[PDB]
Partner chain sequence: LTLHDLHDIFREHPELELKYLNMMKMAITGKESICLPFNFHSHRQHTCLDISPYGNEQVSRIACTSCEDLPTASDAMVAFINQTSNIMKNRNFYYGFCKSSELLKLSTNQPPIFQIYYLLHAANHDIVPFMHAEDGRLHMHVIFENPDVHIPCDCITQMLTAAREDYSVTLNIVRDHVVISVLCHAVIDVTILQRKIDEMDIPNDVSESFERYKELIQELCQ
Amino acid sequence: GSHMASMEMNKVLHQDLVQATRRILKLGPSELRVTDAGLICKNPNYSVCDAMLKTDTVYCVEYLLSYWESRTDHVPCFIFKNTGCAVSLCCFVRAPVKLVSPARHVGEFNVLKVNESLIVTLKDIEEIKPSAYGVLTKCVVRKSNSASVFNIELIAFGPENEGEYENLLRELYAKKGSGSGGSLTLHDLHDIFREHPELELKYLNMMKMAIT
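Just the structure of this chain, alone, in the form solved without its partner chain, please.
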């Protein structure tokens, strides 16, 4: 989390973030490029890991950003890059300060050319997402009709069944909110899931219904 952080603590953090990225994004075994752990929390211009995204596949980008924030205590910054025939999501502990390509922040629909950086942060997602309780923002990459271009859409998702979702939240409230009026926030979820990882699987498994 700083240039003076110990190698030992950095290695645990690096392993945590890499494993969580594979799990939360449901990546195949070869779909994550990992930067050497020796670089973490020093030069901010290097990512920790880059996820190689498939097209037409839902990715839980808001939840991943929120998880990283919970583990690092820094504001994460993920950057979509088009390497010619694939999009990578390059995951940084903190925003880089010099990028190879000109950069802009996501909206709901985006066209991603090669040698463009497309930044997504929690601040961007908060601006774009609905106000409804419990929504999570996902991203989907689509093949463009144009060569060397991909489209990236951000989509709101909710639970498949309200009642089963409510029953899961009840299990979380039995572990205990930090939100307005004692309601659970996503940061409450990360804290509970740290101690109850079986509930985290049950939660993510149900957040699969695109919202109107």
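Positions refer to the first chain, counted from 1. In this text, the rigid core denotes the largest set of C-alpha atoms whose superposition between the two forms falls within 1.5 Å. First, how it differs from the form deposited with its partner chain bound.
- Candidate set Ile152, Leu53, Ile40, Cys60; criterion, C-alpha shift of 2 Å or more between the two forms after rigid-core fit; matching residue, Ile40.
- The two forms, fitted on the rigid core, differ between the two forms by less than 2 Å at the CA of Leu27.
- Annotation: Cα of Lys143 displaced by less than 2 Å between the two forms, core superposition.
- Relative to the superposed rigid core, the position of the CA of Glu171 differs between the two forms by 2 Å or more.
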Given for the second form:
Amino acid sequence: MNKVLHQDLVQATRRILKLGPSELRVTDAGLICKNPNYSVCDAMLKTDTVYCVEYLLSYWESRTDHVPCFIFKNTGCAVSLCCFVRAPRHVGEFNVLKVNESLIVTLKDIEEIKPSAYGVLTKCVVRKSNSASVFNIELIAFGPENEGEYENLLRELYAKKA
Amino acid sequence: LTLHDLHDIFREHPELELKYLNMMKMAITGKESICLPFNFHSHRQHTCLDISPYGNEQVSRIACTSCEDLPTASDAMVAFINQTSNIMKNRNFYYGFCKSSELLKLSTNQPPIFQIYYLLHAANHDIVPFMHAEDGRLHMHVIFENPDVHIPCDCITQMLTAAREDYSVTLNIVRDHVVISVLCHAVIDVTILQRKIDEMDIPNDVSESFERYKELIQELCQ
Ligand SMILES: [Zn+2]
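Target state, the form deposited with its partner chain bound; input state, the form solved without its partner chain:
What follows is the whole complex; the chain from before opens it.
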């Protein structure tokens, strides 16, 4: 863990989750070098909004070379996603999350939910539940609109890698 | 290729990232089966219900391939107020009272009954409502004539809205029919209604329904 890595992951978390500057809490870079059990940053998740959680997880891993671990928290009247580089109750396709409860998502967990490995990107949505201050967390896997477009783009991407 | 690789390429190729994430927009999960009877309060939001011989299915609207791209709870209110003018169009609703004055009165102090009908009727014309009371509180059972029943997510959240936490709303299959039961747990121009409905005839085609549905109806009264 270092400063630029810290900047990198914070910026990417804003970009990938499409957050306002208001919606992300950042632990001090100096603090998190020394304490990996604290989170790099924590994102406010709006309800009814699709968030690219697999994409974000894989982004982190590609830069840390460490298996990341994000935690959904029901903090009482809000869900936050707390982003950890390492880890210290895991996600399924649909999840009930009550006040004080936590739900861990890793790449391994996404993997077990999703139906096929390739051409599949998993996202998530938070919904406000019928009664109480309880939220539901859906994980939803997405494919290409058109499989031709997608085969093409891969070939292009194969050609880029050097 | 892995997502790992994609990120390394996208850092240099932001044009390609855009195109990529724009194509990943077709839900391939969302559909799951469910158990009858199905309590609508205990359900997932923005999910349709698909009931057919083949399966009983909740499906996220993002994942629904039946509903294309309506009527509000508040809209059904305004039909409620003007039912006086739409009596022959809602003759199917009123057939449901079986010529009772007393039940018909009770539905004047219970808008969610009319509304929930109105909301389901917008979604499906092929329904046969029936009404009865326990302790002055009016109940309704909506019988679907067909085994293929799709209930859009929008109709559902709005039924739930119209029902407050007064009524239970429930879907079940009873004697070979899909039936939505609306069970009241608690609770303006009556006079012209009572008259116009007392004056309106019930035709032999409809009376055959109620005859064929007699034991179904007997079984729904509890
Ligand atoms: Zn639908």
